[PDB]
Amino acid sequence: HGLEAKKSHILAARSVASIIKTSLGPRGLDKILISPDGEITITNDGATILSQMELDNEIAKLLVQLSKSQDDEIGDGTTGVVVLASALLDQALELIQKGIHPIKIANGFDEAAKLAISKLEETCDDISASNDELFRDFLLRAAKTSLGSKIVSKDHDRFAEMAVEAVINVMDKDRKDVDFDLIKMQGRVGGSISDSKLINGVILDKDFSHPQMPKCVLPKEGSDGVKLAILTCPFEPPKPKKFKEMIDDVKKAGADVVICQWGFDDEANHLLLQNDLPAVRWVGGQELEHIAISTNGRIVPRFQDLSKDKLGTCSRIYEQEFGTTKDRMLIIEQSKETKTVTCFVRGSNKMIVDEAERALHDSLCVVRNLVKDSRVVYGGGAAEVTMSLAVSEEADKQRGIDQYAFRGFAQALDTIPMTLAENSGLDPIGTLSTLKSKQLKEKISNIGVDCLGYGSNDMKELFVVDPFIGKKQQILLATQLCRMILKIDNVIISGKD
Amino acid sequence: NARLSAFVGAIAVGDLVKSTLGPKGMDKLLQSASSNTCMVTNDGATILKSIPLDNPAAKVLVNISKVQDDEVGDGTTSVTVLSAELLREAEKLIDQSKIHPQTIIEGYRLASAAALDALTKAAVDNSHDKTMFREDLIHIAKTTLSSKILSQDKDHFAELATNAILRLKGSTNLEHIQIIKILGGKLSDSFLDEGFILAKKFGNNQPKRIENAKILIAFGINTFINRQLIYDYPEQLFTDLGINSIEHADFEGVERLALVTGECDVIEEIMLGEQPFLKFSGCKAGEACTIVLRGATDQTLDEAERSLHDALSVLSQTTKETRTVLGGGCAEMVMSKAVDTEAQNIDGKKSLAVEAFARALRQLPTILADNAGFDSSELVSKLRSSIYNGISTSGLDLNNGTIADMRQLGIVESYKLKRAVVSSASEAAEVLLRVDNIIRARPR
Amino acid sequence: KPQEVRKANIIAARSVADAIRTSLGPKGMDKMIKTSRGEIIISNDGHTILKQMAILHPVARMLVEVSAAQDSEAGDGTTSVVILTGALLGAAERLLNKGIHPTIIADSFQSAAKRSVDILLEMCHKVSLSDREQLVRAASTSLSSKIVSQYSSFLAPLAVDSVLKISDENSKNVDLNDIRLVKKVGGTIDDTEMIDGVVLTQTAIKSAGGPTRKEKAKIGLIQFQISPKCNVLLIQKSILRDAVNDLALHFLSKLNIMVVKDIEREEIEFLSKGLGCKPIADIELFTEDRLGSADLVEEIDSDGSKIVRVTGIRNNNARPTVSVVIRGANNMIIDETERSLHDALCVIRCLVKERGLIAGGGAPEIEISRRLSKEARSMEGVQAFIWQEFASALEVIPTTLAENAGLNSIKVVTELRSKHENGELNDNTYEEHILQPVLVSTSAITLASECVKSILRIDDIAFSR
Amino acid sequence: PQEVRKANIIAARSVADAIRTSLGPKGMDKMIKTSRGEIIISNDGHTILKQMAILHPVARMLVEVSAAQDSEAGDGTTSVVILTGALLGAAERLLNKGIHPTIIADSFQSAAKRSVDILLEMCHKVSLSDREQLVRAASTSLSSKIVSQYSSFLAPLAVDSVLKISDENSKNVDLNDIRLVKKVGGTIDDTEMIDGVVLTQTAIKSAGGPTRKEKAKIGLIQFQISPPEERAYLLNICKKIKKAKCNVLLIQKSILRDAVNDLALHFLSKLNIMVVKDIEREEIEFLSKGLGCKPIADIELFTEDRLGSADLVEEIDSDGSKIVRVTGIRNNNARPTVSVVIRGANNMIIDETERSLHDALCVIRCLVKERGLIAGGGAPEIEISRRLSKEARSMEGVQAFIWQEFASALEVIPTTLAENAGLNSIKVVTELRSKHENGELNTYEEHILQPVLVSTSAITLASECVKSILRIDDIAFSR
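Protein chains in written order, with the UniProt record's numbering: chain A, 42 to 282, 305 to 560; chain U, 17 to 234, 279 to 321, 338 to 520; chain X, 16 to 243, 282 to 480, 491 to 528; chain Y, 17 to 244, 266 to 479, 492 to 528.
Any given hint might turn out to be false.
Unchecked claim - A few chain Y residues that don't get close to chain U, going by computed Cβ distances all over 12 Å:
hint, residue
1, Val197
2, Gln238
3, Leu300
4, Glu494
5, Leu519
6, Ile524
Said to hold, decoys possible - Just so you have them, the derived chain X footprint on chain A, three or more residues with Cβ under 8 Å:
hint, segment
7, 122 to 135
8, 243 to 251
9, 492 to 503
Stated by the list, open to error - Sample of chain A residues with no beta-carbon within 10 Å of chain U, all distances over it, derived:
hint, residue
10, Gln93
11, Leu156
12, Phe526
I should point out that these hints are in silico values taken from the structure, not numbers from a laboratory.
Even for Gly, the Cβ is constructed at its ideal location relative to N, Cα and C.
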């Protein structure tokens with residue numbers, strides 16, 4: 042009912058949020074998770090941790106529903122939105138006891154969020170319009186923060202450049218569109234992380250069938266790229282609802320390698336060996352689309368529809384042996400910028416591969432937001448303190464019932480710097496009051512809580528920046544979620560039959 | 017709820033192996049539901065892997081102990097106990113000591129550097145007079161063979177493992193030394209042989225002694285080697301052609317032959349333990365040795381296998397690092413001084429966290445004196461006073477009960493072994509201190 | 016858990032404040048209390064509720080001692096001081112969850128109470144005791160809360176003129192116990208005699224020989240009793294044995310000595326102060342130096358009273374102690390009038406000790422909460438956050454007044470912060496003749512800082528006998 | 017952690033005190049009723065502890081100690097349990113004084129080694145070259161068995177059997193190489209050494225079987241003569278055996294199929310090839326040692342080099358016996374073994390007779406490892422305590438008190454011997470220590498003698514047993 046569920050929805054959100062409060066930031070907790078498919082990995086990513094949490098309460102299920110959609114937009118702000126949304130519910134509980142309707146709190150946070158956006162933009166700084174020479178160092182040092190809690194922190198200098206080229210290639214300067222389906226994340230057991238290379242094309246996990254076939258494709262006296270064949274029909278003699308006739312269509316078209324969705328016979332490897340034509344077997348339907356896009360090819364439905372214009376052309380095809388692994392996969396690169404980039408990471412253990420793989424994927428999401436908006440803001444707690452002081456000062460100028468809705472929004476933003484202060488071994492109240500005094504009597508600037516060990520304030524010297532579009536996306540989803548929670552006053556749970 | 021279960025649950029893991037540490041330690045017994053599988057062994061890796069544990073935090077120390085067993089194979093008990101003592105003291109550092117949990121982590125990080133610097137300043141190696149370096153390998157081999165039944169004949173076994181490593185002069189890989197275990201005879205009857213004794217014969221009826229043989233792994281060869289079996293007719297045809305075929309060659313045997321040879341001067345077949353053996357002779361710069369241990373029963377041999385494999389794995393690492401340190405409670409006592417030395421200048425919240433690490437270093441020799449029948453608080457305190465100011469030589473004696481020098485008694489330790497224990501145990505404790513909650517998904 | 020035991024006393028203390036919270040203001044809700052003896056009493060006065068509540072909780076009894084000191088010093092605000100105390104206890108509950116030790120919580124209240132008074136004095140309008148027009152309108156509004164209204168016009172100068180004689184200058188605390196309200200049966204409200212010298216509670220001798228009047232008399236205080282140059286003597290009333298023998302009345306009648314017997318034991322301490330005399334236990338120590346000075350002593354009876362009045366004490370050590378005489382027909386007249394004029398003397402007492410007055414109705418509590426919220430940024434550390442919670446704890450008094458009056462709780466409170474920004478103390492209670500003295504608002508905050516301090520300082524309790 | 021050890025010591029002490037009443041021939045017998053309903057009665061400590069099905073994990077170690085007691089010394093299975101419990105009972109007061117079991121365990125190993133040299137100095141030195149004491153040792157040991165007058169001729173047969181396999185420095189000799197074949201019929205007076213080998217079964221009783229062959233080869237063959266035209270399939274089987282000239286066939290007993298077809302009996306009758314079937318699985322390893330042959334699974338594995346030599350293979354005619362003997366194995370690589378045939382009319386004769394010869398061969402083998410014998414009856418137990426009385430004063434520290442309690446636990450064995458005999462416990466022990474000032478080992494005139502290895506192994510096994518008992522500080526469930 043009204044007098045019941047309204048009180049229970051606040052306590053239900055504090056129970057789930059209190060688990061990830063200690064996991065926020067680089068000093069947080071790396072939780073051990075076991076997937077039902079058999080994959081074992083350890084990471085602090087909120088999107089993975091919250092997805093593995095399964096409970097019957099309907100208040101915490103909205104966190105998974107929001108993080109599922111946020112995983113595609115950012116994915117690294119899951120821990121930031123849940124804590125920020127829980128802070129709004131804590132301040133909303135006091136407003137209910139004062140006689141304020143819950144629908145007023147929903148509209149109160151809407152005007153408070155939009156007002157704080159204009160205040161953050163005035164104090165925001167830009168990269169391209171200020172210093173171009175430091176544009177390279179901004180993208181390299183941004184991934185170092187997320188990679189400092191992992192074994193990658195030793196070799197982080199090498200992987201910092203790999204995450205920059207992977208994001209830029211799959212996007213356009215004017216469009217600034219990056220898709221996660223265009224970025225393939227793969228890895229295998231064996232080797233180390235220092236041997237990881239960037240791949241500009243698909244993988245397919247092919248050994249080139251018989252070993253006598255050439256492991257490297259030659260340009261064949263300055264031809265046009267490397268022609269590959271795409272077949273949507275299985276390899277077999279035609280039957281109503305031949306091997307020498309189908310190989311001639313490949314030789315006339317100039318395709319060096321043939322890719323098919325279905326398996327081949329043993330005679331196929333015998334005829335393709337004499338002509339030095341490697342074969343590819345068992346390719347999924349989704350992988351067929353990424354090949355024609357990167358190699359600028361076409362989909363040929365029939366056998367006789369082949370031609371030089373419909374064959375995908377790449378830079379070269381070579382088989383590089385990786386450690387002692389017997390897979391011996393392939394690497395297809397391209398000189399021109401393609402729409403598909405595949406990242407490949409190696410590790411000495413299966414748990415190390417999955418640990419560095421998702422850590423590198425998180426760096427791809429941070430750079431994705433940095434290139435989307437050239438203007439960036441200073442993070443580490445300085446963003447929440449600056450946005451809170453602007454709303455708290457403008458709260459007295461805004462009269463009416465919403466005056467208290469603006470004060471509660473400013474106190475809710477202070478939860479983030481106090482949470483990071485509790486994980487860093489500092490007084491959350493003493494540090495919060497210290498950050499407000501440095502930004503008022505001295506001068507207006509951005510000084511946040513210290514995530515890494517240092518001897519003073521003013522992290523601006525460390526050049527730690529966060530994307531403006533990334534921080535703005537967090538406060539919009541936290542406000543939209545807090546309004547949706549207040550729109551459900553009743554929980555109907557049916558029994559089991 | 018999770019911190020209370022993780023701290024107490026991890027101490028119970030160390031309480032199982034607490035009696036397996038040290039040469040004076042005791043054996044732990046386990047019993048399954050069938051009651052006929054009970055086995056008495058002091059192996060720390062066997063106790064941790066056999067006992068099931070429902071504590072998810074306790075499973076972390078099990079996988080970490082497996083990594084420590086692959087590098088050396090010994091000292092796995094000291095890593096678990098040291099990791100448990102850090103968690104036992106962490107309970108007092110959190111509740112009543114008003115210390116942030118991350119500060120406890122940063123406290124062990126600054127304390128680990130002081131412990132490694134104490135071992136570096138105390139590491140002394142002698143490049144000249146290789147005879148003195150050979151004696152150091154004898155004393156180290158005595159500490160590795162400790163806690164095992166081989167301690168009886170260990171005095172005779174000291175020169176067996178020491179002279180074996182000196183015959184390698186090359187890569188640290190242990191595939192050169194093949195262990196063969198034959199029933200009958202006393203343990204002291206074991207000998208060192210470089211002739212590569214093979215446990216399998218060759219051919220149905222073929223001459224035993226072969227001269228000027230050419231080993232070919234699969279031409280004009282006098283010896284043939286195949287991985288699979290051999291059909292009847294060619295086995296008879298190979299005899300008429302003078303080619304001797306070898307069968308039942310596994311993947312481990314092929315890798316050992318690639319490190320020796338091909339050709340060999342003499343292949344002699346001998347009979348020991350009621351089974352045909354093959355002792356090769358006249359190889360080309362043979363780097364491989366063969367140790368044949370003679371036990372009374374299968375249970376004695378099964379425990380001697382991993383006992384000798386773990387002893388030779390530590391001696392193999394002594395070739396790359398010649399620096400040695402004094403053990404027997406002396407190594408942990410010297411590192412305890414460096415922790416209190418760096419405690420002079422320290423912050424407020426990190427002071428009690430680092431000082432707790434100093435008392436944890438003295439908990440390892442405390443248990444060593446417990447299983448020795450002596451008084452730990454009485455004997456360690458008398459040694460701590462001498463090590464406190466200067467003149468640090470002597471260490472804990474587990475036999476007479478007084479304070480005696482470890483160099484005079486022949487007790488030393490390798491520098492590479494101690495730096496691996498302080499490292500892995502520190503990383504093992506930092507993982508459990510970070511976890512304040514455990515969430516398990518619904519199984520299917 | 017020494018702190019969890021204290022938290023159990025805080026919850027029990029906030030439950031008492033919530034019960035008194037409904038009784039705040041003239042529109043507040045009454046509380047029904049049934050005594051163990053069977054007496055059924057009801058009223059909205061917070062001082063009478065906590066007195067008969069018979070609280071067995073050790074910490075909750077501190078609110079009774081504060082309410083007793085609230086009526087003894089300021090005389091008003093015994094209900095509001097309990098609500099203000101519970102607000103700081105509720106604000107300190109969230110402070111304990113943050114790991115804050117109560118010493119910093121208690122020490123910050125000392126700086127917060129002293130700062131709130133200095134801010135209150137800036138907006139307060141300083142008044143002087145030389146203006147008699149301000150004191151009449153101040154006491155007349157306090158008499159509008161009682162059944163007597165049109166008859167209160169003559170009662171306003173009665174309380175003003177009595178204090179101005181004893182006010183002098185820089186008197187600081189002025190004890191109202193020296194001002195006695197005489198309740199006699201008969202007469203009316205318009206009939207009043209100041210008699211600034213002194214007024215007794217007793218009649219004179221009704222037997223034969225009693226002079227009942229004397230000129231140039233010396234009045235002493237004698238605790239002795241005569242049973243088997283002093284003109285007037287007093288005899289302590291004793292019901293055990295005979296007070297004054299009939300033969301002693303005829304003996305002192307020939308000597309021209311006026312006798313007044315049956316003096317109440319409660320007035321023995323009162324007469325020993327204003328008259329400047331000393332009690333005489335034995336006749337052996339009885340001398341002339343312990344007597345008083347009176348020019349004329351007569352017995353004037355308006356209707357049926359037969360009361361003796363004395364004027365012109367002219368004592369150097371003693372001061373002009375004034376006793377007010379109140380007349381009325383029914384018993385409920387002189388009773389309700391006594392408590393109504395007593396509260397009027399407390400309001401005047403606040404202006405004598407501390408000059409200046411403010412407009413009541415929760416007006417200053419709104420602006421003080423606004424100024425302390427902006428000044429909280431000037432501090433640093435844990436103490437800075439306390440100023441924010443201390444300002445929110447001061448808003449419970451104006452919020453409760455809006456709740457007990459039927460008006461919307463959250464709506465009226467928002468209208469206070471909106472109107473008080475442009476104007477200063479203009480919201491209009493001054494047009495409605497609502498004036499609350501500054502000493503009441505000052506003592507309510509001062510006693511609350513000491514009350515909450517004495518609470519949090521108790522970390523445990525044990526059986527002691 | 018003391019609650020785990022104290023619970024195991026008390027549980028093991030009750031088991032030792034229960035077996036203590038079974039010491040000696042006059043001791044109390046213990047009864048055990050199995051869940052299946054079988055009830056056994058005997059004083060043997062190895063049988064009681066085996067059929068008791070003890071659930072206590074530490075108490076199960078007494079079965080392994082009693083197993084090695086009979087395998088090494090061959091006597092004292094009850095005495096080693098009493099001595100084990102005597103040290104456990106004395107260790108209860110040791111833990112009450114604050115003594116850690118390490119000193120308790122390390123002192124027992126040092127006291128057991130010094131107790132051996134004390135017994136050797138007081139022991140009578142004898143040699144294997146003198147057959148006077150070797151015959152009297154085994155003859156008096158059979159006075160507890162049904163054999164009485166016939167035991168005089170059985171003693172020299174066991175002496176000459178050990179002296180051939182004892183040599184000098186061979187020390188321990190495997191007792192499994194001595195096979196005692198019991199068969200109904202005959203008598204005890206008829207004995208044959210037959211140093212070559214003796215089988216456990218008879219020969220072919222069908223028609224055509226020669227049952228006797230001279231100058232034949234013997235080898236182990238795991239093959240079986242069975243049908244799959267059938268005579269042609271069996272002809273190639275007999276022809277391949279004729280290629281190696283093997284006239285003696287030994288087929289492993291299996292219930293799957295038969296041994297030799299009747300059609301193959303007529304084929305082997307012309308070739309004069311004797312066949313002995315129903316060879317037990319236990320004799321497969323036995324025949325591969327003394328005969329120096331190798332088990333042959335298939336017909337292609339059968340070769341001439343794996344065949345032995347036999348002078349004369351014949352089936353001796355006897356009532357209800359028909360025992361086959363082989364002499365002159367003529368194998369230089371394989372050492373000879375002793376196989377003695379036991380005959381008798383009653384089935385209860387050849388049974389206990391086999392067990393009686395086991396204890397006779399062990400005592401003689403005790404002299405092979407360590408020569409000399411110590412008179413029993415509590416003499417070695419008291420003599421050690423007499424030497425440790427003055428030696429305990431020469432020690433220092435915690436161990437000094439252990440030597441006094443160690444000698445006190447040794448007095449339990451002679452005390453039990455006096456109790457089970459009906460005599461007063463303390464009174465008999467005091468009479469032995471009173472005469473100790475004059476006599477030393479003096492029982493010699495009563496023809497009661499005991500080997501030194503029994504008293505030596507009983508102290509050694511009990512010292513290591515109790516040592517391993519105190520090493521368990523916890524009991525956990527691991528599956």
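A quick look at each hint next to the structure:
1. With a minimum CB-CB distance of about 24 Å to chain U, Y/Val197 clears the 12 Å threshold, and the non-interface call stands.
2. A cut-off of 12 Å between C-beta atoms confirms that Y/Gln238 is not in contact with chain U; the least separation is 17 Å.
3. A cut-off of 12 Å between C-beta atoms confirms that Y/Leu300 is not in contact with chain U; the least separation is 28 Å.
4. With a least CB separation of 40 Å from chain U, Y/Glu494 remains clear of the 12 Å interface cut-off, as annotated.
5. Non-interface call for Y/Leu519 relative to chain U: violated, since the shortest CB-CB distance, roughly 8 Å, does not exceed 12 Å.
6. A beta-carbon of chain U comes within 12 Å of the beta-carbon of Y/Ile524; the shortest separation is about 7 Å.
7. For the segment 122 to 135 of chain A, the stated coverage by chain X is violated: 0 residues have a C-beta nearer than 8 Å to a C-beta of that chain, whereas at least 3 were required.
8. Counting residues of the segment 243 to 251 of chain A whose CB lies closer than 8 Å to any CB of chain X gives 0, which falls below the minimum of 3, so the coverage claim is violated.
9. By the rule of at least three residues with a Cβ nearer than 8 Å to a Cβ of chain X, the coverage given for the segment 492 to 503 of chain A holds, with 8 such residues.
10. A Cβ of chain U approaches the Cβ of A/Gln93 within 10 Å, the least distance being about 5 Å, so the stated non-interface status is violated.
11. The beta carbon of A/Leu156 sits about 36 Å from the closest Cβ of chain U, which is more than 10 Å, so the claim that it is off the interface holds.
12. Every C-beta of chain U lies more than 10 Å from that of A/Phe526, the closest at about 24 Å, which supports listing it as non-interface.
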